[PDB]
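> Listed below, chain by chain, are the residues.
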Amino acid sequence: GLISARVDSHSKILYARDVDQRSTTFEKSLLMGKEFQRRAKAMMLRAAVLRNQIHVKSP
Amino acid sequence: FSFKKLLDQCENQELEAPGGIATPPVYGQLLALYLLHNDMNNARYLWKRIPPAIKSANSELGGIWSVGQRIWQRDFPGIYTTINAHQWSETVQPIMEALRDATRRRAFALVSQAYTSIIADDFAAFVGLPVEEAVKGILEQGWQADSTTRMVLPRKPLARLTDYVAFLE
Amino acid sequence: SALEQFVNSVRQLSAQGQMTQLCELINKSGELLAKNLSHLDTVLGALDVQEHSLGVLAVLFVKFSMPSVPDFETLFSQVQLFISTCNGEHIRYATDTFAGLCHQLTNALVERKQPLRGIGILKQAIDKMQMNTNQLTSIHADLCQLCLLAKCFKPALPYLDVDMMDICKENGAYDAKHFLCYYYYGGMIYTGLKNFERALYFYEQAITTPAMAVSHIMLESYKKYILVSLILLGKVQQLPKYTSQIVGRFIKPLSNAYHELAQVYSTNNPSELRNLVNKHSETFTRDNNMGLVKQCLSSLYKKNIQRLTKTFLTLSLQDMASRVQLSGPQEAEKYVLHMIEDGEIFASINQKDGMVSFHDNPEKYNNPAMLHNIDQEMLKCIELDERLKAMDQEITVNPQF
Amino acid sequence: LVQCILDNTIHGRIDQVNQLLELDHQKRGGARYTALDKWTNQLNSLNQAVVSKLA
Amino acid sequence: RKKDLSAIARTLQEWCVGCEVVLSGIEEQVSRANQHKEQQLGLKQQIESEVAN
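Chains as they are written, first to last, in the numbering used here: chain A, 1 to 59; chain X, 1 to 169; chain D, 1 to 401; chain S, 1 to 55; chain H, 1 to 53.
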């Protein structure tokens with residue numbers, strides 16, 4: 001929920017936090033780029049074996 | 001380093017021709033490039049494929065392997081106490097000292113970032129240099145001294161948004 | 001009498017048109033081949049030792065006995081001399097006996113003792129079988145197997161780091177178990193080097209394989225998939241929907257202890273996971289993955305210390321020892337220091353007051369560093385698109401009738 | 001002040017301990033769009049991936 | 001401001017060429033992009049046309 005903060009529990013004091021949307025959106029977009037690259041490796045090797053339509057067959 | 005090419009040519013001499021036959025200086029270059037890398041995962045596979053004869057014959061490398069276990073487990077006074085007990089014939093032993101200096105400066109740059117405060121006696125035992133030599137080194141590179149705490153405070157020494165909007169935005 | 005003729009028929013096709021008759025010549029060979037082949041190998045390197053030597057050496061390894069008396073070393077060196085500077089050009093058509101030769105060399109070195117040099121020679125064969133951006137040849141598995149036995153993963157990485165497209169068959173020369181072994185052994189190679197990202201990727205790709213029957217390679221890769229996903233991520237990563245039905249029907253309830261391990265991992269209790277690891281310890285040692293489950297225990301401790309950043313800012317070491325269950329502030333300080341060094345947590349240690357101060361701010365995204373990071377990631381996406389353009393063109397060419 | 005917040009008048013945060021108020025004097029609804037475009041592209045990726053990756 | 005004349009005109013040559021080269025790098029980025037747009041859409045349309053039969 002709605003507690004956006006860091007508590008200095010060295011001092012045991014709450015400190016409310018504005019999570020920066022610039023940091024948030026750049027973070028999720030570049031993590032989307034990292035998942036884009038993992039799905040890149042996924043689709044490259046997966047289609048290099050299965051655009052062939054060749055698999056671990058019955059024998 | 002050049003031990004990469006040395007290891008490649010010694011594996012041309014060891015992993016190509018001889019019979020499944022083992023060779024100890026090739027294995028010395030192997031544990032040299034597994035302790036410079038500190039790749040004790042693959043140096044475990046080394047230690048699985050080192051013969052116990054070569055564990056007993058290339059055995060200055062065995063003391064090197066023990067000291068590298070103390071490095072991997074980060075047993076720092078046991079590291080710097082056991083410097084001159086192993087001396088293998090110029091494959092690992094000079095770069096044992098070079099790796100000691102690399103790990104010295106590595107612990108230096110590591111504590112410089114990862115510590116708001118370290119015990120300087122630990123850190124001197126972590127780098128092998130003594131305590132006031134570590135004081136001279138941190139005044140050389142720029143940490144914050146904190147007397148009477150004995151906790152020296154470590155310290156590390158346009159078209160931008162155009163490209164950022166152009167790809168990520 | 002007949003063996004003296006075939007050599008003359010090899011030179012007839014040399015520097016000429018088709019070599020399909022030479023493929024038929026290797027297909028027939030001689031059936032009950034004699035020792036004389038060795039003598040025929042004395043005068044055989046006329047042009048570049050030719051494809052005749054491949055048939056000779058393949059038959060020498062097909063023998064099921066000897067293979068070249070206790071002097072097999074000489075034969076090994078001959079095989080080396082056939083792979084190194086001899087190579088060949090029409091290996092693409094003779095792939096069946098070439099991969100077969102590499103498989104037999106691998107199986108012989110596995111049955112014998114130390115297969116260290118075998119890796120060094122094999123990587124050349126692989127280098128001459130593949131095209132440019134690399135193809136998934138069968139020998140790729142063998143290499144991995146060899147470097148998994150002879151504990152030296154360092155030179156096998158360049159063939160593992162590339163996400164190669166299209167599996168090389170040509171005249172058969174490929175089996176599903178070689179695919180499964182390459183991704184399973186490769187997964188174990190990345191797990192041994194503590195590169196859990198590519199390891200998890202490799203195990204995932206080993207499970208996704210279409211299957212009608214359950215193989216032990218798939219079972220072990222699934223178990224190790226759960227373990228690496230518990231280490232790398234906080235929980236078990238979902239396998240794709242295109243995974244085989246036999247995985248959810250047969251492999252899932254067989255590796256019940258691993259899903260039980262994930263079930264106890266989800267409760268965030270280390271003592272209970274310890275109890276469960278002691279409970280099925282015999283089953284984990286039976287699969288020969290005891291060690292990765294210990295890493296799972298340590299990763300659970302690290303997950304519990306990482307959960308503290310979301311709620312606390314400044315926390316006492318004794319409080320951390322009480323919450324994470326470590327006993328004493330000394331072990332808490334050890335764990336926090338290790339986690340800062342490995343880049344797992346963003347925190348600082350205050351010894352005077354005995355406190356831990358969590359920061360949680362690696363970047364503000366104004367460095368050039370990010371500029372270079374984004375430039376490299378964009379170049380990867382551009383590569384994929386030119387790769388994707390090539391795949392799409394290949395598919396457009398060919399269309400159905 | 002809190003009452004003013006109810007008003008939706010105050011745009012800024014208040015440090016209760018420090019007893020001070022920071023207002024978002026310079027506002028920016030500039031920030032979202034980069035992320036939004038990114039998200040739109042993400043869906044684009046979704047439509048593209050599901051079809052392509054799918055047999 | 002008695003002669004900076006030489007240095008004056010040569011600083012002029014400098015900055016003139018600087019904006020010139022900025023704009024010329026732009027020029028060839030243009031000879032890339034929508035020349036790349038020509039090639040890309042031409043090939044994509046080739047694909048779409050070959051989709052039929």
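Worth flagging that the hints you see were computed from the coordinates, not collected in a lab. There could be a bad hint or two in this list.
With a cut-off of at most 35 Å between alpha-carbon atoms, the simulated DSBU-like pairs for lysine-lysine come out as follows [what the hints assert, rightly or not]:
1) D/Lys28 - D/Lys123
2) D/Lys123 - D/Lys389
3) D/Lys177 - D/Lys194
4) D/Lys235 - A/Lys41
5) H/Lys2 - D/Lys380
6) D/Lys252 - A/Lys34
7) S/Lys38 - D/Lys279
Residues of chain A placed beyond 12 Å of chain S at every Cβ, according to the derived structure [to be verified]:
8) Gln21
9) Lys28
10) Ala47
11) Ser58
12) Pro59
If you anchor each label on the Cβ, the simulated ranges turn out as follows [as the list claims (entries may be wrong)]:
13) A/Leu14 - D/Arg323: 31 to 37 Å
14) S/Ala31 - X/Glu97: 52 to 58 Å
15) D/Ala369 - H/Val17: 27 to 33 Å
16) X/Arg106 - D/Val69: 28 to 34 Å
17) S/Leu23 - D/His359: 34 to 40 Å
18) S/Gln26 - D/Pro155: 53 to 59 Å
19) S/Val17 - D/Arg323: 24 to 30 Å
20) S/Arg32 - X/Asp146: 27 to 33 Å
21) H/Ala33 - D/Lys334: 20 to 26 Å
22) S/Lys53 - H/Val17: 32 to 38 Å
23) H/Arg32 - X/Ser66: 43 to 49 Å
24) H/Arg32 - D/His359: 16 to 22 Å
We treat Cβ as the ideally placed atom computed from N, Cα and C, and that holds for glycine.
> Confirm or reject each hint.
Hints and how they fare:
Annotation: proposed proximity of D/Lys28 to D/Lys123 holds, straight-line Cα distance about 29 Å (limit 35 Å). With a C-alpha separation of about 30 Å, the suggested pairing of D/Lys123 with D/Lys389 holds against the 35 Å cut-off. About 25 Å separates the Cα atoms of D/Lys177 and D/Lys194, which keeps this hinted pair within 35 Å; it holds. A distance of roughly 22 Å separates the Cα atoms of D/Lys235 and A/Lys41; the hinted pair therefore holds under the 35 Å criterion.
Using a Cα cut-off of 35 Å, the hinted pair H/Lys2 and D/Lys380 is violated, with the two alpha carbons roughly 57 Å apart. Simply put, D/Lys252 and A/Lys34 have alpha-carbon atoms about 29 Å apart, close enough for the 35 Å limit, and the pair holds. Annotation: proposed proximity of S/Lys38 to D/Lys279 is violated, straight-line Cα distance about 48 Å (limit 35 Å). Against chain S, the non-interface label of A/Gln21 is violated: not every CB pair exceeds 12 Å, the least being about 5 Å.
Look at A/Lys28: its CB is around 7 Å from the nearest CB on chain S, not clear of 12 Å, so calling it non-interface is violated. Its beta-carbon lying about 8 Å from the closest one in chain S, A/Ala47 breaks the requirement of being farther than 12 Å from that chain. Distance check on A/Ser58: its Cβ is at least 18 Å (rounded) from any Cβ of chain S, clearing the 12 Å threshold; non-interface status holds. A/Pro59, annotated as away from the interface, keeps every beta carbon of chain S farther than 12 Å; the closest lies near 22 Å.
In this structure the hint that A/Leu14 and D/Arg323 lie 31 to 37 Å apart at CB is violated, the actual value being about 18 Å. The hint said 52 to 58 Å for the Cβ distance between S/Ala31 and X/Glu97, and at roughly 54 Å that hint holds. Restraint check, D/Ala369 to H/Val17: a C-beta distance of roughly 32 Å satisfies the suggested window 27 to 33 Å. Restraint check, X/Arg106 to D/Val69: a C-beta distance of roughly 53 Å breaks the suggested window 28 to 34 Å.
Checked against the hint of 34 to 40 Å, the pair S/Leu23 and D/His359 fails, with Cβ atoms roughly 26 Å apart. Taking the beta carbon of each, S/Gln26 and D/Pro155 are about 57 Å apart, inside 53 to 59 Å as hinted. The beta-carbon spacing between S/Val17 and D/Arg323, approximately 25 Å, falls within the hinted interval of 24 to 30 Å. About 45 Å separates the C-beta atoms of S/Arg32 and X/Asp146, a value inconsistent with the hinted range of 27 to 33 Å.
Look at H/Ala33 against D/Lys334: about 55 Å separates their beta carbons, and that is not inside 20 to 26 Å. Checking the proposed 32 to 38 Å range against S/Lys53 and H/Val17 shows it is violated: the Cβ atoms sit about 50 Å from each other. Checked against the hint of 43 to 49 Å, the C-beta distance between H/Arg32 and X/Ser66 comes to roughly 60 Å, which is inconsistent with it. For H/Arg32 and D/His359, the Cβ-Cβ distance of about 43 Å falls outside the hinted range of 16 to 22 Å, so the restraint is violated.
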